[PDB]
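Missing here is one protein chain; the remaining ones are kept as they sit in the complex.
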Amino acid sequence: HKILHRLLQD
Amino acid sequence: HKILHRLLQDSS
Amino acid sequence: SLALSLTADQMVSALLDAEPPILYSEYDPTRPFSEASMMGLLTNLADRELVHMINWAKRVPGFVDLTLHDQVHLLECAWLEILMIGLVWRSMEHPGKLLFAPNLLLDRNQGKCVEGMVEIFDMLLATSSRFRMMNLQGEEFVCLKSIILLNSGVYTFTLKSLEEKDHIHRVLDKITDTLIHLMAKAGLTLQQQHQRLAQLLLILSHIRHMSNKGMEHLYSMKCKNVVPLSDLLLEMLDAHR
Partner (left out) sequence: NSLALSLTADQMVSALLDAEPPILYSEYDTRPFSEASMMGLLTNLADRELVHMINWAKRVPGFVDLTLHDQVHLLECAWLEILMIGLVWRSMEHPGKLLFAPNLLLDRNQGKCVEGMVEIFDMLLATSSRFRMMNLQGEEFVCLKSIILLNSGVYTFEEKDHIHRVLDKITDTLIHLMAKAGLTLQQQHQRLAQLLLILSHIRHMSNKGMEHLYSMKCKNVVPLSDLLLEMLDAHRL
């Protein structure tokens, strides 16, 4: 769960 | 000084 | 896919509508300049820009059609390039200066004070001059920025995939169509169209070059624990490693 990974999901 | 100088000037 | 069904004009409208805003830096004109604070300003700014970039990327046609892991990879490869072409774009009407933010306008001499910054500053200034002389249009700029996003990581992504690259390449072809469409609309001849197209894409090589140099300097910042990198920037940097 990268930071980039998460922000792309929101 | 610079080999590249010599190579360009004697180019063929 | 909806991206491949867009007309040229709808592509442009989509991209333009999705443009991120121009952010401000926390630059305090009273504060004495220092190498530390200057790099802190640019870093803080880039970090807030990244959030807008990530959400902008979602609105680039085709990007959402991709899997999440591929989305991550493309942004990891492209983010500094995209920040840089944005900076160069903002700086077009300020010859000899880089408009990092409306309240942070830097000239060549303020480059220096930070080591290694001069060389890249000149490279960014040259790119800005190039865009100015070419009279780059806003419509062309958003196309270029989308190309960078889709293209920069495409060669460094096994099977039950690959058709992912094929889809990205199809979207990329659509953006080329859109660029050509813009140019024909502005009255350029066919010869002029393919020339300008080449000119714009060749500039992307220089932008890649500048990102690579920047990424090198970014690492030098990290293991020289002075100017703190944000948690998002740190993870991006690890990706280039």
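Order as written gives the chain letters A, B and C; numbering starts at 1 within each chain.
By definition in this document, a contact is a pair of C-beta atoms (placed from the backbone, for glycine too) under 8 Å apart; a residue touches a chain by one contact, two chains touch by 3 or more.
Visitor: The chain left out touches which of the shown chains?
Guide: It touches the following shown chains in the full complex: B, C.
Visitor: Just to verify: which one of C:107, C:115, C:173 or C:238 makes contact with the chain not shown?
Guide: Reading the full complex, the residue touching the unseen chain is C:173.
Visitor: Touching the hidden chain in the full complex, which residues of chain C are there? Just list them.
Guide: 122-123, 126-127, 130, 147, 151-152, 155-156, 169, 172-173, 176-177, 179-180, 190-191, 193-195, 197-199, 201-209, 212-213, 216
Visitor: Tell me where the left-out chain touches chain B, residue by residue.
Guide: 2-5, 7-9, 11-12
Note that only the chains that are shown with their structure count from here on.
Visitor: Return the distance between the CA-based centres of chain A and chain B, expressed in whole Å.
Guide: Taking the average C-alpha coordinate of chain A and of chain B, the gap between them is 53 Å.
Visitor: Calculate how many whole Å lie between the centre of chain A and the centre of chain C, each centre taken as the average of the chain's C-alpha atoms.
Guide: Chain A and chain C have C-alpha centres separated by 20 Å.
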